[PDB]
Amino acid sequence: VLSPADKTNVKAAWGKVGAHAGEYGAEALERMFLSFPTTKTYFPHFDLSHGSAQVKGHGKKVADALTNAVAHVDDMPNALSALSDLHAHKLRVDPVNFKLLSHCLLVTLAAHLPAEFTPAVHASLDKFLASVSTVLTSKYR
Amino acid sequence: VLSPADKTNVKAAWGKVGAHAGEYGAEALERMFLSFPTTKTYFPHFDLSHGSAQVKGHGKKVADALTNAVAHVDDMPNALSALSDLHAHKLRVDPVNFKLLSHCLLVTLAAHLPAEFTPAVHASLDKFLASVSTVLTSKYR
Amino acid sequence: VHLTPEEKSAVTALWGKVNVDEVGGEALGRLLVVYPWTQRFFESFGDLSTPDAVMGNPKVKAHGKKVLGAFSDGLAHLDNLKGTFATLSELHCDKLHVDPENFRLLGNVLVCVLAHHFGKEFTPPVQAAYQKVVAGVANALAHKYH
Amino acid sequence: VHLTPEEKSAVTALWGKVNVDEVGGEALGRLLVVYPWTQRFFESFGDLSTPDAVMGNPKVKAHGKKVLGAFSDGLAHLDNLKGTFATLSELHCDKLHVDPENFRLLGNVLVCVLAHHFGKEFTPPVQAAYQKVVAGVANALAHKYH
Ligand code: HEM
Ligand code: HEM
Ligand code: HEM
Ligand code: HEM
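Protein chains in written order, with the entry's author numbering: chain C, 1 to 141; chain A, 1 to 141; chain B, 1 to 146; chain D, 1 to 146.
Hint data in this document are derived by calculation from the structure and do not stem from the laboratory.
Some hints could be false.
Example chain B residues on the side facing chain A (calculated, C-beta under 10 Å, incomplete) [claimed, not checked]:
id, residue
1, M55
2, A115
3, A129
Backbone N, C-alpha and C fix where the C-beta goes; we use that ideal spot for every residue, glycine too.
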């Protein structure tokens, strides 16, 4: 349901992120753990404190996977096929937690890119994250 | 997504419904209004007392829409096209309410189908009602 | 939670007919079949491949009695659910790492299992009352998550 | 709602720098642009077809100002949000017919607006304190829904 305008808004905004994607990934995660304590149940083996290198490394993996989706916005099911299988048959994260991360990801972008975060781009990003989350949970059952 | 086995199950269970489709649809609505009262905010123009003609009449349209979906399970977007436009551009029901209605439908089928409500059929019906909801809310934005 | 005197009598009347061990193993069984990702905690149980192996698994029945027994004893204290399940909440959070959303899926499955076993006796008003309880129980168990 | 001494201090400090007239106008507008189905409650507001039209609508600006103003008055009573918003809760339910889920969507959009305006100032801990507040205000308004 992503129109041409949406895709343009996504590339534009994510293009301005560039190299800072890894730092933004780790910030979104940190915001989620504090604001939504339940999501911590999926990382009992991590040192979930401020500045934790483990969280920074995971934040980079998430951010790169998103960079991968933006590059294949017209063919996301196949570009995330491996990730879909991993979260569906190994990790098993309940679907509700993807919306919690998406929100925190929007808050981070808004706090770092003020002039780029227009109410229209905001609309496109939210639809983009919802589409990323649909593909990542598409094989749960 | 719906597997071939899922489709067989939904068609088997719905085949057992048959003529009682309209009556079950009416009971599914009554159960929803009582358990989750926030849904009543979408029916201020309805007399919501037990057995009112309006709830019985709506129950039948909701049942007919489900029957067409089962008869066209390999192509629900084209079968539910007009109804999805209606919930997207006019009715504008928040997506969270589609799960409350599906649950109440499952409870109703479970209370009237002792022999057909096996664990494998329970699952396939929950996926089927999840799919119908997604298609009915696919044009919201 | 807040249930009227007639709603409580309704909840207590139907439960007396329930075979706690039977329904327990059936509610957890369908939880693992309908929502497969809940199986992440039960890898040490054995065969969880097909719906039949899950419903016939002895370890799945064993846990189901344990879960439904705690729930059952909980109905004797509906006016103090957070006080009754304060310790289980800490355990499920700090030691078991169970996402509270699992408590809401099981509660819904428990309601569908009650509709299946009781049929027409599981009337709309009765369901309305049991929903408030599966929600009240789910909230109390998720109260100590930090 | 319960906030630690540091959280209560964070929420109060940041809310002193907020121009309620402008922040509320931004919040209501983004709710109609990002989640278009919420436009059902404002058919008598005029042009809402495009984003620039929604944000430039004077009736959208005026209503966001009243809503956030009422939200502001509740911040001074974080200890009893239920008693404070009791009247408004009954109004949004009996006469306005507003599905309570809309209060939750606005709460999240408001968090995205506070982040946009303040940048680095809106740190993770500050945001955690604000998620708690908007969740509590949303529940207090959906409290008298019968
Ligand atoms: C925007 C959605 C998401 C994206 C793009 C994403 C991406 C990824 C990626 C790239 C990996 C690493 C794969 C590898 O090991 O090679 C992964 C692992 C993981 N994800 Fe997700 N994920 C998403 C949402 C979630 C959510 C919401 C949770 C949990 C609350 C979650 C929990 C995990 C866990 C537990 C790991 C394993 C970490 C470890 O120990 O190495 N993911 N995810
Ligand atoms: C299983 C999912 C659903 C299906 C198949 C469905 C189907 C329909 C159908 C067949 C109509 C009749 C339209 C016509 O006159 O041609 C309709 C109307 C309507 N639907 Fe849905 N619906 C579903 C879920 C929802 C939910 C969850 C709600 C919200 C509480 C809802 C609220 C309405 C309302 C307000 C109307 C108009 C009633 C009237 O004025 O007569 N629908 N729906
Ligand atoms: C209404 C809800 C539930 C109640 C009343 C409840 C109750 C219990 C009880 C009594 C125990 C034993 C703790 C002990 O011996 O110290 C337990 C253990 C446990 N619970 Fe829950 N629980 C509930 C729901 C869940 C759900 C939905 C899951 C997961 C999908 C879950 C997973 C576990 C696990 C993995 C254990 C440990 C089993 C073992 O080591 O034998 N619980 N729970
Ligand atoms: C934090 C949440 C909210 C607060 C504190 C709030 C507060 C208020 C207040 C004080 C009024 C003025 C009553 C009057 O003058 O008659 C009002 C009216 C109204 N509210 Fe809310 N509100 C909230 C959320 C919402 C949301 C999110 C929506 C809708 C998407 C909404 C829709 C309405 C409508 C439609 C009116 C009537 C406008 C008119 O008459 O043209 N409110 N609200």
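**Request:** Let me know if the C-beta of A129/B comes in closer than 10 Å to any C-beta of chain A, holds or violated.
**Result:** holds, 9 Å
**Item:** Minimum beta-carbon distance criterion (10 Å), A115/B to chain A
**Value:** Cβ of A115/B sits 4 Å from chain A, so the hint holds.
**Asked** Going by Cβ atoms only, is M55/B closer than 10 Å to chain A?
**Response** holds, 6 Å
Taken one by one, the earlier hints all hold for this structure without exception.
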